[PDB]
Amino acid sequence: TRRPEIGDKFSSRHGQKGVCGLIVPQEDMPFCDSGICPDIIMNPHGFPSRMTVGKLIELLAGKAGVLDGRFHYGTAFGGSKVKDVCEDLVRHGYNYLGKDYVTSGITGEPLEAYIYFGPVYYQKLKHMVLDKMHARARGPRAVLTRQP
Amino acid sequence: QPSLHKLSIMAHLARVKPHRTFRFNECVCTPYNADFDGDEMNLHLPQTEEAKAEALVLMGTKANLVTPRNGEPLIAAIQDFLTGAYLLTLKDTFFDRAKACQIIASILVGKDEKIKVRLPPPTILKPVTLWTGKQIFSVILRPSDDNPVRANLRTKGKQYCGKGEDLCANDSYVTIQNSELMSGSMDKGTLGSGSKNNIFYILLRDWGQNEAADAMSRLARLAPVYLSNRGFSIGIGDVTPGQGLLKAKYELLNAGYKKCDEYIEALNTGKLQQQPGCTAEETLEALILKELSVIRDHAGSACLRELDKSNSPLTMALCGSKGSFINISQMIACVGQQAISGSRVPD
Amino acid sequence: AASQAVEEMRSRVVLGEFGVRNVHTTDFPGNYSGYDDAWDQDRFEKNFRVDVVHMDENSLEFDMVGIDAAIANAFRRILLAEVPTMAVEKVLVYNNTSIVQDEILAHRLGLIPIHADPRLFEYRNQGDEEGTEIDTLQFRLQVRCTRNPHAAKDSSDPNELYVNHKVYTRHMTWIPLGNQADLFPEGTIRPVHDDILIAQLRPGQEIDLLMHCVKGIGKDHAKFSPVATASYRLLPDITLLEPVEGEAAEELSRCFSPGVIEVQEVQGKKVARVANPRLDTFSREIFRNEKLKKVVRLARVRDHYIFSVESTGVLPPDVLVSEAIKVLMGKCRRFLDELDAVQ
Amino acid sequence: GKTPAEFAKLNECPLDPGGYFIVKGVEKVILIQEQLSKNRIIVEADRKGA
Amino acid sequence: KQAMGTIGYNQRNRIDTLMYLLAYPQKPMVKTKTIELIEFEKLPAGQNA
Amino acid sequence: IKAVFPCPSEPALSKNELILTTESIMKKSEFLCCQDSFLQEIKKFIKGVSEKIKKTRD
Amino acid sequence: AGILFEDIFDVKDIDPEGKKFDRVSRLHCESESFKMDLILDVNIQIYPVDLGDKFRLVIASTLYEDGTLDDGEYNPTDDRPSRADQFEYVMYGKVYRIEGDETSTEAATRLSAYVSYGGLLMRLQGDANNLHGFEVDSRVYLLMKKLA
Amino acid sequence: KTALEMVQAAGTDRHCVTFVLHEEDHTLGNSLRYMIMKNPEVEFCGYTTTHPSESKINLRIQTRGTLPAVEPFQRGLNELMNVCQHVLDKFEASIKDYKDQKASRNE
Amino acid sequence: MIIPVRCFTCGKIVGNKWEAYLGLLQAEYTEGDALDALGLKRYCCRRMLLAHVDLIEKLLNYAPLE
Amino acid sequence: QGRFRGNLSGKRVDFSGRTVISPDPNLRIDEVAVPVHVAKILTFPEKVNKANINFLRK
Ligand SMILES: [Mg+2]
Ligand SMILES: [Zn+2]
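Protein chains in written order, with the entry's author numbering: chain L, 888 to 1035; chain Y, 465 to 811; chain D, 2 to 344; chain A, 149 to 198; chain B, 691 to 739; chain W, 928 to 985; chain H, 2 to 149; chain X, 24 to 130; chain Z, 1 to 66; chain F, 349 to 406.
Incorrect hints may have been included.
The calculated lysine to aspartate or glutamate pairs, modelled on EDC-like cross-linking and capped at a C-alpha distance of 16 Å, are [what the hints assert, rightly or not]:
hint: 1; chain 1: X; residue 1: 122; chain 2: D; residue 2: 46
hint: 2; chain 1: X; residue 1: 113; chain 2: D; residue 2: 338
hint: 3; chain 1: X; residue 1: 119; chain 2: D; residue 2: 46
hint: 4; chain 1: X; residue 1: 24; chain 2: D; residue 2: 338
hint: 5; chain 1: H; residue 1: 147; chain 2: H; residue 2: 8
hint: 6; chain 1: W; residue 1: 979; chain 2: H; residue 2: 100
hint: 7; chain 1: Z; residue 1: 12; chain 2: Z; residue 2: 31
A few chain L residues that don't get close to chain Z, going by computed Cβ distances all over 12 Å [said to hold, decoys possible]:
hint: 8; residue: 950
hint: 9; residue: 957
hint: 10; residue: 999
hint: 11; residue: 1020
hint: 12; residue: 1026
hint: 13; residue: 1029
Since the hints were made in silico from the structure, they are not lab data.
Each residue gets a CB set at the ideal place from its N, CA and C atoms; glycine is no exception.
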């Protein structure tokens, strides 16, 4: 059994692949008014140079899907638009753009900018650090060319 | 592993830590061209005192802050350290005494644990007491009264309007005097690894390697502590187009498609004014590419004007950390001509 | 007036269209013009008060007025990570022949809440794999799955064909050690929710394991945390700048939660007023309506918290909040004692 | 042609797509090779300009 | 093609050279029609976070 | 150098005094190690600064 | 009296190039008793400035009217009668660039004094006889009070 | 075994000292900073986790006058402890009052 | 494989809600009403039942048995 | 894989390691954090002299 640690590679179903960097306790996470403290904090600098706006719509449509039990379609060249899931979010009392008033867990004071919560389908890739960490002090050498 | 220039291999002073990954500071990602996406980096431990000493003197990180190619620094701040220092050094930010002490006290760790802090005197005094964020950033350059660093710099920022000379409305003319930031915000062109007039390059050329390395460590320590308590986020509301773009884009597409249709008709069934040095069809290709470049550039100049400030792609493009205005225009207004090998799509 | 802006700056966290303002706690000595914010014990003991607005089994919601963010945040963090409970650590396995693997089964048994009251137990020391009367419990699970001897010819559903085909958590039996049979009455020491599906079986397969509950805090592992979640929000005060009359009140009634804006009649005319601002979630939909952006001032009162503690069922949450305060009192006592041991 | 109740007695997944051989215990797939279409006149350029 | 998931319904009777499984897989929250055609939602690879 | 070492107790130099004390420094011993081009560039820059002083004081 | 400069100013324009910032506005003033013009940045959240307002500005090298030039560190907590009690807005910055104007080719006496209040700039421009006592790297207290 | 270690500054006699608190984190650090900053003799006070692998905070305290910084640290601890005592008493009284008012109604 | 005992994000016990969730989807509720009637307010609890595949009901058809 | 290109030009070395990298800003810019499970294997031969006998005994 391998548990995710510093070094285990996650992906995002949009090519936003990235290694884990830091594992913080639950008490140090931010949280909404409703008490949800997020599992995976994703860096917002990945988005302007890569223009993955599909991840920003996946997050929104998944957030609007878990609140009333549907699965929205993200079918290529079609699928559920933004204008429907905005109204589906506003019917349940969240903001129509997914950004939420979010209180910092470290200081207790709220944050100046709103934070963009939602359920995104991450998938763990096979490249784990426990299979890639390797070292050699001195060991077996070749018989012919006496080098490791 | 793919070793392009000579800073693909440097020598660090190791420290042992419990988890299973090589962990280096992110200011050193620009020499290695590392990206933390499952990248592996080799380790080599020299076995001889002469090899240790030659590694430590010639190949240290502090002794190779500048690339040999043109003399511009490579070890400098990178994304989320530029955006942290840009949002720390606007003219808008003000701190009380509590939050200013909390931000300054993040640097009191490591070899800076023994120094006395020298909280600078406040800017506004009578109605409230507010330290401006530029003073909090200037504590990076000189975090104690006995530190002999006196940095000086005077350069243009990125978004400088050209007519200001230290009084621009954008506040984008950097002036640091006696290691105190007097005006202007920290762009990429003042902290980043781009070119000279980097403040770390000034500290390297005037006050030695040790002060440049201490300043980079203090910034890398301080700027996330500010940014993760400010909050900095991007959502679908930040790349959505307003009404002022959805009118102007429709007008631009109608005008450009009319002028393209008139050029097509002027080639096929009439006289088309041939440009010099080429056939008539190449003249048509040049005119159509010119009109489509006008469509993309005017849609970009319309989408940038209606964005609010404190928009996240706009801040990340103004401070030069990640992205540019082409990307914001390309994911709000209009993706341009898709050019294969410098021409339109071949049949 | 400037006095209005300074007073709003230090007690109202206003919510803009684009970003929250006035977020920091600023009432400290020497930060204002004529005010005096030194620590006065009597002004705190006069202003502080607690009003419990709702409580039932496994939940709680109470207001706190006058405490600051850096103390209410400490109460939340102590509830998440320092109020100890009891959870399984060692799963001693005899003959696990199900499809659920042994590691995943031990991990599922770890997360099950145990209804022991953990003020009575002590921390197990370093090592000490056996344990004593004081510092552990012991649970013994033993489920063997067989075919139902009488069954119809159809054989469709699993509920009729098999017996014990689901291993619930009502199949966990407590095994006492020493005087725990007399210390604890029969029926208290049990798994809490009594219906949690642990594994699932087919005839021939058998689970026979033995669990060792210990005392642990939530900082070490998340199975020891007693709260489902515990948070706080600042109590809002939606206020109106200009009077909202006519058909604007109807659309203002829809730009909020369904229990905050009432609309009443005074002269055959509908005027709106804020009725119950506690029930708002701040969807901020007043900023889509263009005519109504300049009539409201959405703000949070800085020093009026609303905690909400939902327990997992280990012990009822008023006792959780009492333990959460006593842990922080103990943390202050420990450093006072180390100062007195130094000097 | 078998039903999902009868893949259980053979220990085979109903969603296993098939199309791969089994030789000496490993599962091998013959990949779809791409070729140029034979018996057709191809007018190409030579290296030297012909 | 590298996401850890579930190989099939026979994945416990199957001795292969190197097999990665996910302990608690979940089906995606925003799903394409292709996912409904090739039956990816019956044995998925990944967790909603 | 104007910002790191302000000497408030010293008189400001004119044009002729600047050229004179600049040549009085640059004819010492240690400046023989430098090239001729670098001394020419220093004397060119000092002449430019002296012309700026003359234009301002005029 | 350690006053460097004291005059009455009138606001001519509040925001010349649009509201670039939320809390800071770029005032453009002009005086009555002298021919001074004044570019100024103030914090308009704590101290609002309207279009036709008229305030009295003071620039002093110290806050104590007996002439005590000792300032090792400012103490906000200590209470004693100072110069700031007569005023409503007190900043504190450093003069960093005295610069002669270039718009006239000969026989001009307009000087500029750039004073930077922690980033909030101020161009105090006028005749050279008024600005006596300004030096580079001297630390001044700005003081300011609206008039009826 | 000692959880409190006092690292003084280089040149200053006992009025700018850095408290290393072992086996704590942001929980005690933020509350203790809040109760120290109310003391008007403290010019600077703020903590920092040294490294997230480690459970330490470095709580630098710099006083204004001549009093040593151990006394604002002790006063901050005692004031935080008395705040927690008063909160515990008021909260237990409010819980007992709520249960009594609910058990008095609908009977 | 089988339903997780606790929700990944908040920590509420979800592993007993599964047999009630299928029972409420036999009586023709929608998922949006069934998750409300089970009492999952936060959406992190709701994705534990809305997105869960029950593989172990279909892995147990392949287990060896007497 | 001959002698020249395989063994003379670039040859394999020992006392080396290879691990996935992950960021950590809390270090100085001239430090790298080596894991424990690599630093127990990689060794440096330190000759015993007068300055470090008491360190190497421990
Ligand atoms: Mg890479
Ligand atoms: Zn949940």
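Hint by hint, here is what the structure shows:
1. Only pairs whose Cα atoms come within 16 Å are accepted, and residue 122 of chain X paired with residue 46 of chain D is rejected, the gap being roughly 23 Å.
2. A threshold of 16 Å between alpha carbons decides the hint, and for residue 113 of chain X with residue 338 of chain D the separation of about 26 Å lies outside it, so the pair is violated.
3. About 19 Å separates the Cα atoms of residue 119 of chain X and residue 46 of chain D, which puts this hinted pair outside 16 Å; it is violated.
4. Under the criterion of a C-alpha separation no larger than 16 Å, the hint pairing residue 24 of chain X with residue 338 of chain D is consistent with the structure, at around 14 Å.
5. With a C-alpha separation of about 12 Å, the suggested pair residue 147 of chain H and residue 8 of chain H falls inside the 16 Å cut-off, and the hint holds.
6. Only pairs whose Cα atoms come within 16 Å are accepted, and residue 979 of chain W paired with residue 100 of chain H is accepted, the gap being roughly 13 Å.
7. For the hint linking residue 12 of chain Z to residue 31 of chain Z, the alpha-carbon distance of about 19 Å lies beyond 16 Å, and the restraint is violated.
8. A beta-carbon of chain Z is positioned within 12 Å of the beta-carbon of residue 950 of chain L; the least distance is around 7 Å.
9. At roughly 7 Å from the closest C-beta of chain Z, the C-beta of residue 957 of chain L falls inside 12 Å, breaking its exclusion from the interface.
10. Here residue 999 of chain L stays apart from chain Z, with its beta-carbon at least about 24 Å from theirs, past the 12 Å limit.
11. With a least beta-carbon separation of about 27 Å from chain Z, residue 1020 of chain L lies farther than 12 Å from that chain, consistent with its non-interface assignment.
12. Remark: the non-interface label on residue 1026 of chain L is consistent with the geometry, its nearest Cβ contact in chain Z lying 40 Å away (cut-off 12 Å).
13. Consistency note on residue 1029 of chain L: stated as away from chain Z, and its beta-carbon is indeed over 12 Å from all of that chain's, at 46 Å minimum.
In this structure, the hints that do not hold are numbers 1, 2, 3, 7, 8, 9, in rising order.
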